[PDB]
Every structure is written in structure tokens, then in C-alpha cells.
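One chain is shown next in C-alpha cells, namely the form deposited without the partner chain.
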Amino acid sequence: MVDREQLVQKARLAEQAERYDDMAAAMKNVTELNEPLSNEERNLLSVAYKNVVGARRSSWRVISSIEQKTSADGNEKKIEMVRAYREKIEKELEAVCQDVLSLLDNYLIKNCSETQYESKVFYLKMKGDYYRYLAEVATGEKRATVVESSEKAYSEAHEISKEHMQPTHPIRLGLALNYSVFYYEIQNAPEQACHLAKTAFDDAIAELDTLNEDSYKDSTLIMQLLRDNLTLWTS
């Protein structure tokens, strides 16, 4: 019988040791206590799964790159293991995404009140992200379904953030960042990606007086990331 405070302590310890699989597992155990998460427990869960899926996405990109070159090389003798190793990483990546998506759908989005608007946007942004990670590796009909699922999660998150959060709020800014990345990289819609990132940046600078003493550093950091992407995409 392990206490909730000890599990959060375990996640913090795993983060310092860079053992993100342990970190994700501890925060998954906290979620499964079937109680709402604090703002702190929410970010610990987010950081854990971002680093776990990040390592899988990086590995998949490396092996897929080698796979495209091996097929072009003409050596049929080597293609078998490259494809199988890419598939192995791909299934691991998908299982990480499905693991987070089950947590969001059966616990986090399912049981946060209609009043906890910050929590709702935070979880729907995560949902958009993990369906986007699934979209990156998916093909054909499987791809179209997860793309729609990602779009649906980002749009709902966007509507609640627009209505209940200031344009400078790091959750609203972070959402605009990832949703515009989804338009650019997944939907291949550079105009809509640039518009979304421009609107978010301009709405934040127009309401710069709404910057909070506890999160102004996070706000200015994401505003810069939005401007960075806007520069990259428009050049």
C-alpha cells in the first residue's frame, strides 16, 4: 500500500534520474487513485509522457530514415530487419499514446467538473497532442481517423480557452503553439498554421496587462516560440 504523496515523490525522483518510464508509471498510478490531479500532479504527468513519447518519436524518425535509405540501396537482405525494427518502435509509440489517451478519456477529462476550465483545456490539449503523435506514424484510413480525433480535441480546447482564459495564459498560448504545429506538419495548411500562431501572439501582446506574477516567464517563453515558428514558416 503506497501513498499518493510517495508516488508524486517517486515521479520527482525519477525525473531527477532521467528515468522517464518510471516517472510516467508513477503518475499513471496517481491518476488511477481515481481522484482529480493538482496543477503540480498534472504537469508531472505531462512532462513524464512527453519525455517517454519523445524518445519513441526520435527513435522512430531515426529508423524510418535508415529504412528509406536501405530500400533505395537495393540490398533486399537488410530491408527485413530495418522494417521489423521500425515496426517494433512504432508499436511502442502507439501503445504509449493509447496509454495516455485512456487516462484522459476514462479519468481526467471524464471526471473534471464543468467549472475546472483550466483542467479541461489542459487535458484536451494533451488529447490533441497524443492523437497528433499517432497521426505522424499512421498511414491511409488509420491516419485520417487519428487526424480528425486530434483536430476535434484541439478545437474543443480552443473554444474553452478563448472563453475562460486570458490570451497570455500559458495553457492558452501552449495550445495555440501545438494546434498551429498540427496545421503545419499534419494538415499541411501553412496559411491556417500561420494565422493561428499570429492571432495568439497578437492577442497576447494586446492584453500584455493580463500577465500574472506567477507565470509571466512561461507566457513570454511560449510567445517567443510562436514568433519563432511564424518566422520559420513564413520564410
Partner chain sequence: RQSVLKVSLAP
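Residue numbers count along the first chain shown, from 1. Heads up, when I say rigid core I mean the largest set of C-alphas that superpose within 1.5 Å between the two forms. Compared with the form deposited with the partner chain bound:
Once you line up the core between these two forms, the CA of 79 is the only one from 138, 160, 112, 79 that shifts by 2 Å or more.
A movement of the C-alpha atom of residue 31 falling short of 2 angstroms is seen between these two forms when the two forms are aligned on their rigid core. The Cα position of residue 199 differs by less than 2 Å between these two forms after fitting on the rigid core. Once both forms are overlaid on the rigid core, the distance between the two CA positions of residue 68 between these two forms is 2 angstroms or more.
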Contents of the next structure:
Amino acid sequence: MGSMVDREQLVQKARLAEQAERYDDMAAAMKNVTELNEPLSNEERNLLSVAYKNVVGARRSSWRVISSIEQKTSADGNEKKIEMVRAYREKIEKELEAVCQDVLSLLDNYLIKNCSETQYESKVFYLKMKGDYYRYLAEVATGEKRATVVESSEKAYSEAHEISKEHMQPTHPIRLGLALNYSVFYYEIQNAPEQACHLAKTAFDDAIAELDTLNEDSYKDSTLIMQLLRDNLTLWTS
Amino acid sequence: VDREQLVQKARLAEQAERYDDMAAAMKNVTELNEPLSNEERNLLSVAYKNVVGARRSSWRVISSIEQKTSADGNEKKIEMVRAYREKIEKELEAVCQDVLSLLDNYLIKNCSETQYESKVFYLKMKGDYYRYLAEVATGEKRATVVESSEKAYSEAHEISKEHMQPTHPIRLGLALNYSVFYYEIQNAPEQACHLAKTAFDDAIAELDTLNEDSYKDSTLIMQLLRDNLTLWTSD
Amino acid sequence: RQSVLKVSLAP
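Next, give the form deposited with the partner chain bound, keeping in mind that what was shown is the form deposited without the partner chain.
Every component of the complex follows; first up is the chain already shown.
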């Protein structure tokens, strides 16, 4: 494939787009790179994640503002104004669903599929992504549609977890990131704070015990995520 | 989708930080062909200021890179950055042609003789957006837009010194942006500083004329004119 | 220059 399109120019464009803070361009470049069907370098894997996290993140942020407005607005009872806002919230939802769908397709049909059992970190990374984006779908879903995304997020986090227990140090940033977000899933989506705290604590303690397993490359990222785990732990606890 | 709904959407869009939506909403309001209220006019200005501003920011970062990497000298990496810059440029110029068009065909054309605040506001906008064009243009292209920016700034200047008070925020803002045109675009620091100081000192002279409604707007701009003079003189 | 003008993992 790469014989047809220059793969390295595409990644360069993505780096470029990141610096101009043009994240649609960035995701577009990384989608294309993925589609060449080669496996993704650790950097490329980050570029991909950052691009889509900012593209979906912008919609999330706008949705939360518009949702909050709908609650106050409804309170008034002004028909026309409420419908304005609900319509607008829906426009943003549909952009959000479309970005999640783009990511999930990429994950299932390119990223997850391609990597080996031996490549263990890639598998957890992408499986966590799949968890996150079903979680993003879950945040704006209702009724049946919601249960299905929640279950899907669950399934994807649950498998990401099993693979990390068995094959990753409790201090690995990815295994730590996974524990973070999975706990967030339990608190925010499942409204199950008992599980949330348990998972966030279990992960934090296990990390602390093995504090020897940190290298010069890990200590920055492992400890920063261990703090977040704790920050959520403290909070939810109160 | 009547006029009051459009403005409601512009407001929502702003909360959402969705500035293209907000620009599109106020563009539809402008095209209803009636004058804009002060609220509406600020909504319009804010929308397009963020829309174009996102591009201006991008372009600078990309432009900065072109210079630094032209050194490394790879002739296909140089070519790509140049392309990316040009992609951004054409978006930015398109936003500016769009605003300018609203200005010449609707907003400016629709002022009555006695709507001086409005004219100074719209001529300063016209001034601003030809300036945005000048930041990315070169050669005769630059000369042409720089001339246009000047021509608009200058007419706003004269209407404002005859019909508005030194403490008026639209007049003060004109001075600040116009002083910037002199500094950044025409590269005339002396003529910049004179314009910034005169507007500041004139405002101080008549500080008593600040009304309760806009003293916050006027005072912040006065703060900026100073920050500018400090920076520009200090070098 | 001036002219008038509960977390999850982070990128």
C-alpha cells in the first residue's frame, strides 16, 4: 500500500496539524495512515489517539454546556426556547456519534484486528480506546440504545483488563490508564461507586507495592496517573 | 427560523464555543437586511473574530515552522509545509472576504447619516479584516489590502473624532487597532505610538465622561493602549 | 501585540 501513498509524509502532516491545533486534519491524516494497514508505531498510536480525543472532546464539552442549559431552560417552561436547545443538543450528539463510529470502525477492522497476541500493549491500548468511545456514546445515549453501548463499553474494558493483569506490570502507564478510565466507567456510567473505588484502589495499591518496576521512562507517566486514580478516589469518597 | 430564533442560536453556539455555527447564525441575521442591535452586532463581531482567529493562530504556528525548517533544506518537507500554510491561508482569506461582503452589502450600506457609532464600528471592522488579509499577503496583493485597511481605518477615525467622545469604547478600540495597523502592518512605530498616546491622553483629559454602562469597556482598552506603548517604546 | 479582544486519562 505504502508504495502508493507516502506513509511518512502523512504522519508528518499529522504532527503539523497537531501544532496548528487543527485536529480534524490530524485525525484525517492518522485515519489514512492506519488504512495503509501496517501496524502503528508507539508515536503514531499517540497521534491517532490525541487527534480523535480532541475531535470527540470538543463535542463532549459543547454537549455538557448545552445539556446544562437545557436543564435550566426547561425550568422556565418556554416551549420555543427549549426546543431550540434540544434541537441543538441533538445536532451535537449526531456529530459525536459520527466521530465515535469512525473511531470504532477503525479499531475493530484495522487496529485490533491487525496486532498479534504477542504485541500485548497495543492490544490493551486499542481495547481501552474501544471502551472509551463506547463510554462517550453512553454519556449521550438514552433507553435501549444506551444499554447496548454501556454493555459494549463494559465488554471492551473487561477484556482490556484481563489481558493487562496477566501480561503487564501494575505500574505500566497503559494498565494504569485503563484502571483509571474503567473506574470512571463504573462511577459515571454504571453509577456503581462501590466498584469504582474498589478498582481505582486495587490498581493504585498494586502499583505502589511494586514500586521497583519503574524505569526512567515510566516514573513520570506511571506516578502522574497514580495521582489521578487517587484524586478520583479522594473525591468520590467524600 | 425567524429573527429571534437565529439570535438565540448565535447565543447557544457561543456557550458551546461553536463559532462557525455562531458566525453562520449572525450571517443569516445580517442578511435579513435590517440594522443590527448592539447585542446582535457584538455577537457578529465575536463569532467571526474567533472563526478567523483560529486560522490566524494556526497560520502563525505553521508559518513559524516554515522558516525554521526551510533551513534543514529537505525539498519535499519544505514543500509540504508550504502547502499546509496555503491551505490555511485560503480558509482565512475566505472568512475575511465573507465578513467584508456582509460589511459592504449590508451593514455599512444600511447606516443612516446619523448612525455614527455604527459606522465607526463597521468601518473599524472593515479595517480589521483587510488587516488580517495583509498579515498573510505579499507583493502587490499586500499593497492592495493594506491600502484598503488604511482607507477604512482612516474614515472611521475621522467620523469618531467628530461625533464621539474620547472615552467612547468604540472610539478607543478604533485607536488601539489602528495603532496596531501602524505598528505591525505599516511598520511605522512612531506614527503608532503617537496615535495610541493621543487617544489615551485625550481619554484621561475627559475621564469624567465615562458613563456607568461602559466604563469597564473603555477602561480595559485604555489599559491595552498603555500596555502597547510600553512594549512598543521599550523595545 | 494586543488588539481589542472528576477526570479520565488526559492526552
